[PDB]
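With the sequences and hints as input, model every part of the structure.
2 protein chains.
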Amino acid sequence: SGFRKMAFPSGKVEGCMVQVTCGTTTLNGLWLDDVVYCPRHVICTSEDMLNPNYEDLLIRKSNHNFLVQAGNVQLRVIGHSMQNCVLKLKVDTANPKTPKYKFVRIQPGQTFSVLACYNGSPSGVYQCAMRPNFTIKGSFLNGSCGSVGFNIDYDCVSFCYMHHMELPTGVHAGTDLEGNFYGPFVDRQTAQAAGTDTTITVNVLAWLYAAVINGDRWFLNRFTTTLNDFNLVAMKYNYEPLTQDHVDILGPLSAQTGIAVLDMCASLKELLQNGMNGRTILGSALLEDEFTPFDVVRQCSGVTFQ
Amino acid sequence: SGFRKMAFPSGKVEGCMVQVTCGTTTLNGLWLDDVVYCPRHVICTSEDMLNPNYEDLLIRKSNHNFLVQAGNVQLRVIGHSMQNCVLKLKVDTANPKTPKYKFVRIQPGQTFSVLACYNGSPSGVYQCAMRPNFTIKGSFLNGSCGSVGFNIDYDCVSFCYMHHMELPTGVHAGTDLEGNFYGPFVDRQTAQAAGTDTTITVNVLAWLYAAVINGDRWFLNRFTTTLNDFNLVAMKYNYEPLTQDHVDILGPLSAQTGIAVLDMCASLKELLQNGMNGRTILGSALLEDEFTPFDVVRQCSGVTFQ
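Chains A and A' supply the protein sequences, listed in that same order. A prime marks a further copy of an entry chain. Going by PDB author numbering, 94 is the number at position 94 of the first sequence; the sequence numbering is gapless. Going by PDB author numbering, 210 is the number at position 210 of the second sequence; the sequence numbering is gapless.
It cannot be assumed that every hint is accurate.
Which copy? The list can't say, so a pair holds if one copy fits it or any two copies do.
Straight line, CA to CA, 16 Å or less: simulated EDC-like cross-link-like pairs of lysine to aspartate or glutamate [claimed, not checked]:
1. 102 - 153
2. 100 - 155
3. 137 - 216
4. 90 - 240
5. 97 - 14
6. 97 - 155
7. 88 - 47
8. 61 - 270
9. 88 - 33
10. 100 - 33
11. 88 - 34
12. 97 - 270
13. 102 - 178
Because the hints were derived from the structure by calculation, they are not lab data.
Here's what the structure looks like:
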């Protein structure tokens with residue numbers, strides 16, 4: 001029992017992180033086989049970030065302008081290509097520690113672990129969600145660019161995020177590992193306001209099932225509701241609409257607890273309308289939305305990784 | 001910017017975890033050099049846990065009764081000794097992945113990362129605190145015994161916790177790596193009620209400095225206080241007494257923010273007396289007490305590990 005914000009073990013990713021320096025800009029790269037992936041804004045100075053022309057800045061860059069360091073060892077760069085907002089630096093040495101891996105583009109609401117790095121060295125690991133406005137609420141200082149977000153299924157690392165920018169509101173934006181930003185964000189130091197940070201309704205429901213499995217039951221009310229009646233209450237509180245697909249995904253937690261999905265919706269509706277009256281749920285005085293249904297099952301079942 | 005519950009990267013510890021089976025009981029061991037450390041209750045059946053005589057149960061156990069498995073490889077056990085509540089199984093192969101390490105016994109209020117394991121395989125990593133009642137609020141299912149808690153200073157892993165038991169209230173108890181329980185807990189399946197779970201006052205203060213550094217300033221009030229006046233308010237709310245040593249430790253956060261420690265105490269006193277009025281601080285509607293002053297500095301400075 002107990003329920004924590006749990007990250008994936010970071011060992012398989014720690015062995016992939018390097019340092020990439022181009023001129024006076026230093027950030028993190030990901031070394032998988034004979035390719036290092038990093039943010040293309042490695043080629044920019046502080047002044048270039050206001051209005052950068054990446055094609056033009058790239059012309060003054062050769063293979064030898066990219067210093068890739070893994071510990072006390074420099075990798076030789078044998079080729080470079082810009083794919084969307086990432087650079088692919090081809091190196092002459094395949095990473096001996098390369099794990100089984102995949103690149104995935106995740107949906108809003110999906111969670112992943114971040115290994116925050118500085119100078120190609122890991123600082124720590126935490127669990128994040130891709131918010132419905134395509135920002136993440138991370139912990140990133142100067143130098144953290146090129147840190148990655150990932151999921152693990154047994155022995156295969158699914159890379160889903162690379163860190164590129166902090167918006168003026170202190171929230172984060174970045175790309176998949178093909179270099180395509182999540183949401184409308186660009187790698188320019190300009191005005192880019194995030195949209196409404198809506199709550200991930202299906203994740204709140206998962207987390208309430210986790211509470212029930214763990215003994216926190218005070219919020220279980222006497223009521224049920226429909227998807228349409230719940231969505232009319234949800235809209236007011238900036239909650240994502242709940243769909244049939246969401247009901248389906250909560251099926252296994254429904255089955256384990258014997259609480260119907262729509263009964264758990266009516267409990268949630270009462271928490272939204274009435275508040276929590278200073279009570280807590282799994283030691284939080286807010287409704288937590290950064291656990292997926294999959295995350296609840298995994299943590300409550302003790303699923304392990306090769 | 002941003003502030004997360006951040007664990008240490010788990011790679012150095014992942015490579016130390018093994019599976020230990022004695023008869024029909026399977027749990028986790030820690031393989032450091034040619035010694036595997038595990039909970040002595042590996043030698044117990046379910047019925048033995050009600051009233052176990054460890055010296056007597058140990059007499060029916062030989063070197064060959066301990067099956068230690070690292071992946072598809074069995075380690076040979078060449079000696080065993082019980083030290084307090086841990087077994088030290090001497091194996092013929094020194095762990096090639098042994099990192100620089102230390103065993104430390106931590107104080108109440110200190111934080112550490114847990115690598116939760118099942119069958120010697122890592123499931124995930126999270127940040128915990130040793131509570132003032134010497135319990136931890138973890139996430140542990142059947143089979144998690146022998147999972148470890150640790151801190152990292154550059155390249156040296158300080159092991160501080162091994163998981164042994166879940167109390168009937170769903171909170172956790174375990175030992176240092178010399179096998180001495182934290183607090184009055186024993187490895188028996190009996191009535192052992194935890195004392196008052198008091199709030200770690202110095203950690204709340206650290207976390208309020210983190211909030212200030214990150215832009216959350218609404219709670220900064222117009223007042224100051226003394227240690228004695230604050231402690232008279234703290235006692236009522238089951239907050240640990242604040243000492244001069246605590247004031248000293250908050251010195252660096254005081255210096256960085258320009259907010260005197262006693263001014264931050266008066267802000268805290270107002271939050272305790274008046275509540276948070278449904279406002280949040282670093283996305284929490286409660287006062288978080290599982291960040292040390294050291295943890296705030298580390299996360300706000302970007303300290304990395306070799």
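Now for the hints, and whether the structure bears them out:
Taking identical chains as interchangeable, the C-alpha atoms of residue 102 and residue 153 lie at most 16 Å apart only when both belong to the same chain, with a minimum of 10 Å there against 32 Å between chains. In this homomeric assembly, residue 100 and residue 155 come within 16 Å of each other (Cα to Cα) only inside a single copy, at 6 Å, whereas the closest approach across copies is 26 Å. When the C-alpha separation of residue 137 and residue 216 is checked against a cutoff of 16 Å, the pair qualifies only between copies, where the shortest distance is 15 Å, while the shortest distance within a copy is 27 Å. With identical chains, the CA atoms of residue 90 and residue 240 are never at most 16 Å apart, being 42 Å at best within one copy and 56 Å at best between copies.
In the homo-oligomer, the alpha carbons of residue 97 and residue 14 lie at most 16 Å apart both inside one protomer (9 Å) and across protomers (14 Å), since each shortest distance falls under that limit. Only within a single protomer do residue 97 and residue 155 lie at most 16 Å apart by alpha-carbon distance; the minimum there is 13 Å, versus 19 Å between protomers. Taking the shortest Cα distances, residue 88 and residue 47 never come within 16 Å of each other, neither inside one copy (24 Å) nor across copies (59 Å). In this assembly of identical chains, the alpha carbons of residue 61 and residue 270 never lie at most 16 Å apart, being 59 Å within a copy and 57 Å across copies at closest.
For a Cα distance limit of 16 Å, the shortest separation of residue 88 from residue 33 inside one copy, 12 Å, qualifies, whereas the shortest one across copies, 39 Å, does not. Taking the shortest Cα distances, residue 100 and residue 33 sit within 16 Å of each other inside one copy (10 Å), while across copies they are farther apart (28 Å). In this assembly of identical chains, the alpha carbons of residue 88 and residue 34 lie at most 16 Å apart only when taken from the same copy (10 Å versus 42 Å across copies). Taking identical chains as interchangeable, the C-alpha atoms of residue 97 and residue 270 are never at most 16 Å apart, the minima being 50 Å within one chain and 52 Å between chains.
In this assembly of identical chains, residue 102 and residue 178 lie within 16 Å of each other by CA distance solely inside one copy; the values are 11 Å within and 41 Å between copies.
Checked against the numbered hints above, the structure violates hints 4, 7, 8 and 12; every other hint is satisfied.
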